[PDB]
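*Asks:* One letter stands for each residue in the lines below.
Number of protein chains: 4
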Amino acid sequence: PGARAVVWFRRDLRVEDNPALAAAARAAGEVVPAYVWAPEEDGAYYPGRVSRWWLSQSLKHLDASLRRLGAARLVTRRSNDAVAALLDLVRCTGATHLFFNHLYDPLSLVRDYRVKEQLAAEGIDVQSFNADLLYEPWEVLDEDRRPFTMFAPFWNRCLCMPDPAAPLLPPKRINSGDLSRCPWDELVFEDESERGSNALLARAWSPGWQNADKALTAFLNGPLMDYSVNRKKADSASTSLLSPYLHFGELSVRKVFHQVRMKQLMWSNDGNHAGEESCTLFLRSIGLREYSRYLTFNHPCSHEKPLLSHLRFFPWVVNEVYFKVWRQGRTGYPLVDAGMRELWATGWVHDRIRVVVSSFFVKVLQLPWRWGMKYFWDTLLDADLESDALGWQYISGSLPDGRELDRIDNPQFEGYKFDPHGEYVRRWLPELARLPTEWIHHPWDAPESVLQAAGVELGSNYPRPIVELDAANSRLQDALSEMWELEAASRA
Amino acid sequence: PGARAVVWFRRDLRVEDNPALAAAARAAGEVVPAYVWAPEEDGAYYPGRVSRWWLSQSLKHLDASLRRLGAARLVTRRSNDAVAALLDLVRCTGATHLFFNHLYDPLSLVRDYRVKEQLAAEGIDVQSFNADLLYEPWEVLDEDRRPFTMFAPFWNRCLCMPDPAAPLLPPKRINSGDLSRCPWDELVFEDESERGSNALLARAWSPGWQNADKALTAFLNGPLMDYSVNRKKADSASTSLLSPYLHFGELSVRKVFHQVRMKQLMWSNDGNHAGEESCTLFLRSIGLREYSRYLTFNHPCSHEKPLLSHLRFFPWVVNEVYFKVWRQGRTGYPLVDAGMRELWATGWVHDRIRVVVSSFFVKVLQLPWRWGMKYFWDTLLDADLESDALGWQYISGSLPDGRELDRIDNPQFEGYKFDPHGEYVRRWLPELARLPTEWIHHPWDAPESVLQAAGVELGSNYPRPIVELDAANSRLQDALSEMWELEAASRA
Amino acid sequence: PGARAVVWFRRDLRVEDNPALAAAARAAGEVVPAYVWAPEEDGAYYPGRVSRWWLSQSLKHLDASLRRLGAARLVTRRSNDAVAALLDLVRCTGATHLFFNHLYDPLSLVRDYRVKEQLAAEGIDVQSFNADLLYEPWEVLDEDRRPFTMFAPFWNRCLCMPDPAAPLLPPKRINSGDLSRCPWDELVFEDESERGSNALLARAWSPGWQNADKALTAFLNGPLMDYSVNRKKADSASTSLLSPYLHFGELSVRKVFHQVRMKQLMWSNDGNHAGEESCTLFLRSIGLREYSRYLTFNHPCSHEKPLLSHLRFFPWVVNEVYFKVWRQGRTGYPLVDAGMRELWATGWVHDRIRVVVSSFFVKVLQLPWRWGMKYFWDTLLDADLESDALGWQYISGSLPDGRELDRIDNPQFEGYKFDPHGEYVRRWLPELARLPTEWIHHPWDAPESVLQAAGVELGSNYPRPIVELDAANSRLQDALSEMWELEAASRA
Amino acid sequence: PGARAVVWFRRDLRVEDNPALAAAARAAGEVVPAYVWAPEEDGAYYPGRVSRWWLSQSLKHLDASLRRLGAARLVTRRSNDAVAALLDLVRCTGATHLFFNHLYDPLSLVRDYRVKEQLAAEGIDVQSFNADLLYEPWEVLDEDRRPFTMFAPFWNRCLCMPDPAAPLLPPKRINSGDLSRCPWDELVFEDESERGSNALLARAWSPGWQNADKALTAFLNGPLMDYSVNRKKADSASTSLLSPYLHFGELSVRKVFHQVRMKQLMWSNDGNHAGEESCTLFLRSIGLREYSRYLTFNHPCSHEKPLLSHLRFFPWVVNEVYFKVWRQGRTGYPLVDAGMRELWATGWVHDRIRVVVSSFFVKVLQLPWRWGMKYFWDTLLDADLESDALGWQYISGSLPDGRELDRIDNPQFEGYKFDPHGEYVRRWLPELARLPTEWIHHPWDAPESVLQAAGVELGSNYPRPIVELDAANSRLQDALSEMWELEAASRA
Ligand SMILES: Cc1cc2nc3c(=O)[nH]c(=O)nc-3n(C[C@H](O)[C@H](O)[C@H](O)COP(=O)(O)OP(=O)(O)OC[C@H]3O[C@@H](n4cnc5c(N)ncnc54)[C@H](O)[C@@H]3O)c2cc1C
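First to last, the protein sequences are chains V, Z, P and A. Take 14 as the starting number for the first sequence in the authors' numbering and just add one per residue. Take 14 as the starting number for the second sequence in the authors' numbering and just add one per residue. Take 14 as the starting number for the third sequence in the authors' numbering and just add one per residue. Take 14 as the starting number for the fourth sequence in the authors' numbering and just add one per residue.
What the hints contain is simulated information worked out from the structure, not anything from laboratory work.
A pair holds if it fits inside one copy or across any two, identical chains being indistinguishable in the list.
Straight line, CA to CA, 30 angstroms or less: simulated DSSO-like cross-link-like pairs of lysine-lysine: (1) 387 with 430; (2) 185 with 276; (3) 185 with 245; (4) 73 with 276; (5) 73 with 387; (6) 185 with 73; (7) 246 with 337; (8) 245 with 430; (9) 318 with 387; (10) 185 with 129.
With the hints as constraints, model all of the structure from the sequences given.
*Replies:* What follows is the structure in structure tokens.
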């Protein structure tokens, strides 16, 4: 009751199960809540074109959700320096207590300490807890006090760890203080050119604290049960579609764990024997994110010692027109192309068809992986540098469990794994909507009298394949050899 | 991992959010679970005819749910002495740790201590926690350290108390020990005469750990939202139908609180302004049970100083044929009679039409309230002596907030409150299915040429009213006067 | 275009597939439509208490349906003489052409001729066609030019007869003439006492031209398919519920034949092999009505030579209290009693449980069948003297295919045929809602310690059986013997 | 019963409401049914690539539907001469009576007479009736005995004509004769190259006698009611999707008229005031087909005096690469291009977006209309030369009510009429899935900094517009002038 504590959140835009919210209305009795936007010294790089578009709309949905729970306001202050914003706030607000939530990424790994040291020097009682992750990366260890180099045992230990915390209920209702009229900077998240041509994201995606709580609750009832068989299939709504919601924290990662585990229970005693297997498998898929946070917290992943050091001595072509063809739906490889048409039509693509397009980048285009990550970063809603780094490691050699860099997936039966009747291609790629599915991911291989049976005439409708696959798969093996050849040269 | 702890539950038949289960598989690594049946020295009285029928079926649904989570068995041991059964068990099981769950009733208020003292003397580490109640009755107090004499402020304080514990998730999976073959007594819950004629309960009710978890989850989606308006209406599925499930603990009382409070959240930001009011009102209705546990823990309610002391000097007629007519659907009062036909057809009746039949017992029949409670006890599934005592206090004078003993409700517009179009009567009472609803709860008052317009001919179809209301409502006031007259006589 | 023809309908209240409507707006170009109410010389007897209640509401639904198709009015004229009403109309209307629809019953068999002879004498061109029946009773004959004495071959011939006429579409839209203000008598259909206590019929039934068109269309989709198995079961919505609609003509009897036969088609090629059998069986059930019209047209059934001549020399008890117990739910026989509670609660009962109550009248009560028919006539909505005569013949000896008069059905497994789990009894008869279903139709036979297991105490709840079955089944056989004994006496 | 009559159908593949079927099992008592395939002297031209694919599958669905109704067989005989096939049949079958159904097209206008003259000379009683059309083209006339030159009054008269015949019910069940083993030629409908790449038609369309009966019955319940507003909108399932079914006769054109008109009735009395307007409007849309049959029966439309005589002296460019771009989705005009991607992906496109692509052919490509019709003929399922001629007349000058040839529709607000939010484009044309809908049908006009806001880069993704619209709309007006200029030259 003493003063007005304040919470400042960045990737925990939710009012349910927000320890920071449950801490501020737990010492103080006046709680004003804030978000800051110092992007320049958020450091290169930024959040990307669409990761903004989402972020703006979440805030709106946080502001008018916040306002309802307790009429202040979401107080928007933009500055050159983050640390020197909460100081701008704390005098402004007239507050003695700043509470927020942890963030594990490198770019804000150090920021929190220097929002602690600079703030503790002003006797301000900065404190922050854990709502973004399920098992705190420093909470899990390795037989005697070491780390995990693979996924397998990190999860297998986590499984018979204890149960992680049930989600806290929201506060009853909260209240401001003087919205003095202290710091109302309206925020700029999108450039004015791509305002209109952004919003079609809203036709396929609907961001928000609320909208994410039902994003999950409508997954459990439906797509969950027959998920174990279909998680690989990309031609249907086979997956949670819940990842940007979980990126920004709009959905509590242990709300879900509680709910999933519950459904498993009911299904077991229901006698549904494939609901449990489906239900365990999902949990592992959430575990992948938990490991992502673990790996960046465990390994440097900062400046320089890069994530993909070990391709340092790799020779790839710096070709800026191959990349543009990749950027769009014109490579020649339909699986890659449907994915590529969807990413940039809608801002999300199935996991398994991320690998096929992201492998295709490094593997057969032999182009600098930095280029891919930026486009990914720029054009994805569910972009965390953390799990999207992990996804670039897995896919290209690195991770001891990640798949073989030396092997180029053959699209025809990597396409039967992920699109068996071939109707993923042909919701995005109707140019070839009619060529039968034997070789819908092949069109080159298939005979020239069948192409005409279904009006694909590569070079009018659907373009001939960039880099005819055989001779990149040669040249990767030579390229890998120079890697091996010149890493032992500078092992001297 | 050291030995085999054991849990013994009585009114907490559930595997989710069972601290006892989460305690035994938390010291020990072998967990066998048990239930005992010493009814003779469970003390007069028993659990009643149907409260058994439910109990048997729950166990079955606990045994084969227990078995699946971890194949032992539900170990059934019947004895003359309860205390001397766990000793029979602990040697048998070869166990060092007995954990169970609290029960607040008087009949087992003392038992737990003497399952502690006798068990602590054998160095056995008896311990037990809180899963049956939401706010522990000793956790709430009164300004300076006193108690609550009404409902109003007990809840109003509880509301801005803290949030009560989120429900614990079930254990992953558990395991026996040697089901030596140590104590398998098969249990007798129903007499063999009323076996067949019991089970129609199963057509309207379906007991079980599981069945209760979906009893709730199908309430939230449907009847919850438009509950604030309809909680009084008894002609539709206006209520949770969730009370026997919550009596035996099959549904966690703070599973529900979490879920309710959540729905309130989503509805508030949904803009549904009547979902919140509906959602708060339900919560109070759960609060009524919490107060029930509070009142019995607070006030003696034991041997003798009875719950309804203050009718001690009341003169009622000991008439055993009035009671039999009450027992069935033949009183003459249709509201009372539909309720009475339903209680004994199905084992549950709406709250608000419990008061009309339970008032009718004390008020116009002027019959010994003990008689009512036993039938209630004998014929209800959702029978706890605790809340069903509280419901007999409220209804007859006692509780400072309970309604006036001196006033006899007039059935005609107490029937419009609770059955406005009159279709509760006429699902149970079709003898008069056709007399229009102006006076469907009246039939006496209504004119003798209308009775014939709808073929009620009181004394063939639907019997003339026992004790024509006017002259019991006289005689209660005289009866109350002798109470007042002879309580001041023995205030000498 | 010449003048204003007029249509007058009595048991064809519908605007679709009404040849009379399609004839008047086919010579004339002005069409006014009318209904008359001469009940006194409609002849004893009347239409019964509820057959009115329906009739009033149909007219209302014809008047405002008529008005919409073409704003006149339904013109209501009540008179002592029917014939002298259309003369009152024709001058009034200023009309040259009166068209209506055939009615096959005896009471209006002669009326139509003397609405022809008296009207043809005034040079008025009376004409009328066929919309009430499917195969015109004079259209079907017997090998060489004879009649049918059983059902079996009447239908078997009708089956490979030709297809009967598809239903005509309604007129586009029609128009009056001067609603001069010529004959507006408002009509009296119900006595003012039983106005209010009639309408609960509206809760279970909803009469009307329109409401009947969807009464059918919602039958085909649902209850039709699994009708072949369930037509006998009375515990569910196993049947069309379409008979009063079809009595008054609100549903075209060959609209349905077309629709049924269509569904059979689609199901056959659907591969549904039980939809065809179900679909044929329904058709026979409609055939029963067609035969009814045939039998009254074929056999005198008029004044006197009564339908049940051959029980003329039968001795039954004239007891007016047995009949009153029958009238209500108090006989002692639950199957009979549920039916009896439903008839008079709602105005319709399943066919198969009509026989059990209507047999019970003649067979074990041995009471004058006239008494039953009047109550049936008075309390049924789907009352045509035509098919409800046929149903009294079939059930009591007469019809060569009707079941044996000498045999009294034993209620226990006539009740398993028609109510196998026993939940028909116990939606209407909840007094015994709890006694298990082994002997729910028996209660006498079942042991006195089970009655108490389920609180039936015959003589408080559910009354002991009138005429304990054995000794009526004796006495029918003696009664039948005196019939046989004294028919051969007056074969002298 | 005398002999085996035979029916031969060509564009009436249905067993319900097939007068030919109802005629053969009405003189004869043995009925064998047949279809012939003489395509060479069916005359140029053929039926097109997909009109076959449908036709094969219908037969299959007729053969095994025929077989079930009555086990013969559909007897498939292919010949050089049609007339000399039924002679091959009639001896073969040993039959005296050949009945079929009328076809109004020119190519078989004469065939029927010379399947009559050659067959009547062999004393064979050829006869055939009317099942393909609703009002027989010789049944409607013009004030005094003339014809109709516009649609408007042809329908307005037809409306207050009489009601056309209700649909006949199928036969009960029929039977062969000796399937001697007389003429079983298996039929070739598709070339073996385009077998596989044809069938995806089956994913969007499902042909068949049966499948068409439910194609309609699921239209009435849903899309019918809100059809009056949405018939123009092409972005949803706004229309019957019932036209190929109605082309081949699989759906009876007066089954539907009956059903539609019925729904109108129920909606009127339902009070739905927009169901009637919607229901009338559909009927007119069926009327368009009726007029089509009328126009070809009325006007020569044969050899030579072509349908589009009056563009005889029109100069268009014979350019075979403009046409190929049209053939596919690459014109530059998104509305045109989505349509063009759908036609050839799926074999059907909305009516209103047929005009925009078919106008675009004649109007801005200024290419020979013959070229369009063949592709239409080749790639449509719902291809009748009859109504698809009429649709080419209407769209290009001809029909006195058809729209102005001189005016080129401006795509931007012809696209708001037909695709208001722009989601038709972007189910077929996702290359531009993201450019906002202000100018999704414009992409040229819209500014070069917005193209980049949504990654359209015309010349990588979605190609720059063939013939930049302005200067075809110039050149049509010059082209029209030479028409006018050189028709008056040869009016000399
Ligand atoms: C004469 C009388 C007798 C009663 N006997 C019992 C009994 O034997 N067992 C029992 O659980 N409740 C009893 N109650 C309380 C209340 O009527 C029942 O909880 C109600 O019948 C349950 O219906 P429900 O499932 O729709 O509860 P809901 O309205 O759906 O809400 C669920 C919770 O409401 C609680 N509740 C609501 N009202 C009360 C109340 N007055 N007192 C205590 N709890 C309340 C119940 O514990 C229940 O768990 C009695 C009330 C009266 C007036």
